[PDB]
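Since the structure of chain A is already known, use the hints to place chains B and C on it.
In case you want the letters, here they are:
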Amino acid sequence: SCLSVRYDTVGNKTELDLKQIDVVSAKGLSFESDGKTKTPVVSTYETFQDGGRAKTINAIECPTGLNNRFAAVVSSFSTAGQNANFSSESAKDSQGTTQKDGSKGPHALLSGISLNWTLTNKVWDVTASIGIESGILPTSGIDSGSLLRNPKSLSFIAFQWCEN
Amino acid sequence: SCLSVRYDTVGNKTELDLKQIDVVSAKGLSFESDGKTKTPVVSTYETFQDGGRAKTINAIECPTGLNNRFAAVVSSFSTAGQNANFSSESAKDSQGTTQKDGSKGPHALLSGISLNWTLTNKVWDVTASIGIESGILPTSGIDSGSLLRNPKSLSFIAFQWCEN
Amino acid sequence: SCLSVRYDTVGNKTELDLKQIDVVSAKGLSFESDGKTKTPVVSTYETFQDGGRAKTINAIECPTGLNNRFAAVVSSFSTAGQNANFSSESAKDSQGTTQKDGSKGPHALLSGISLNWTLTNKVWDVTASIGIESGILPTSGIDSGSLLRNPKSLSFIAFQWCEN
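Protein chains in written order, with the numbering used here: chain A, 1 to 164; chain B, 1 to 164; chain C, 1 to 164.
Just chain A, same shape as in the assembly:
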């Protein structure tokens, strides 16, 4: 197979040709993007566990000189709050929104979703809330007022990478 450093006339930049080999297998990998050094983005499917508490996600190990980064993005969601299980990538259970007596009623209408994350001691602490129409939820509890706190009725993709 072999390999070599070629050069194209279009511009003034060199290139290391590895396309003769079918796969390049590395351990750690970094590359540059407009002067910044990055590692590849790595993705995980995430949900919150029962109980309305923050979701902890271990931070990836970064090469020397690079800092941990994180982004969470919405995949599926509903206004069911705790009354849900979104932990399967292929099916969702969404029962409905808790009513003032504690029963599961229809799904409420939605006003927003917040996803928040902070890095503490090589752990990302992720929190979320879903805002819903008022007048439905109990006065107190995980799902109360107009807010579904750290809801089960949410799946997000967590992206991590390292960057200078």
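I should point out that these hints are in silico values taken from the structure, not numbers from a laboratory.
It is possible that some hints are incorrect.
Because identical chains share one entry, a pair is satisfied inside a single copy or across any pair of copies.
To be verified - The list that follows gives simulated cross-link-like pairs (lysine to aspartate or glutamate, EDC-like), each with its CA atoms no further than 16 Å apart:
(1) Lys13 / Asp34
(2) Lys104 / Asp93
(3) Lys122 / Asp34
(4) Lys122 / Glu61
(5) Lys19 / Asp34
(6) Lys19 / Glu32
Structure of chains B and C alone, referenced to chain A:
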């Protein structure tokens, strides 16, 4: 240009320096992230075709030993259901929600979005539903009850990668 | 440490082993995915500035022969429109929806989110709108009718990469 294997005192890890060359060009590529072997995430903009059926997406070819992975994430959405075309990245057509007579009325209010995916014979079968306020849609059809099935009024980014 | 080109019997493909070195450090990097040439996806957290105007994002520099690509995906959102600041990854300010007199009232209910992007002279021009229940907003302004234009009450992840 040339290249070499350097070593930094910060820690106890080696490094293959290729930064003297402007571009490294590979065919297949894998790297490690906290002990797991991955290939780079690759992204495609996706919408459903007319008719309320599942969206099939071919699975990428994976190196030996690695398994196919997938994640879909929300980009744009509305409650128009079938009455939409979101297939352009630069503009959206969203006409409104089907009413009980079959006409296009105002956009209904939303209670959730589900995105689901399953791998079958090197094809990802993607399905989606948007939940809306009740009392608007016809009793039967693709958009019926409180659900917009496999809606046109949705764009998602499909991420694929391989992993052990 | 050293390195070499190995070959596995599973199939008929070669492999360049770099796993003896702890990190592979490149400048530009491209790889192939099912015949297409790509660069790694790179992610940035984004919000709109005050005033309801488009969000300009510089396009990354691409290797020779490759074209710029972009995808925006939803992270957090609400119906507050201009009455918000989502620019922190760890906390959100969302005050409420503008009412007909100009005051900040409760958050309105939502019918959709559009994220649009166009490439002009190595700049991505990103626009967004959030559709809300009618009868709430003033008749004119950035947030008017049933639309919140280029809203502050939105964070998105911008992904860029290059592709043939």
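Each hint, compared with the structure:
1. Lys13 / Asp34: within (15 Å within a copy, 26 Å between copies)
2. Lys104 / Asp93: within (13 Å within a copy, 30 Å between copies)
3. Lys122 / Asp34: between (27 Å within a copy, 13 Å between copies)
4. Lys122 / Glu61: Classified as within; 9 Å inside a copy, 32 Å across copies.
5. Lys19 / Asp34: The answer is between: 13 Å across copies meets 16 Å, while 24 Å in one copy does not.
6. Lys19 / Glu32: Intra 20 Å, inter 9 Å, cutoff 16 Å: inter-copy only.
The earlier numbered hints are all upheld by this structure, with none contradicted.
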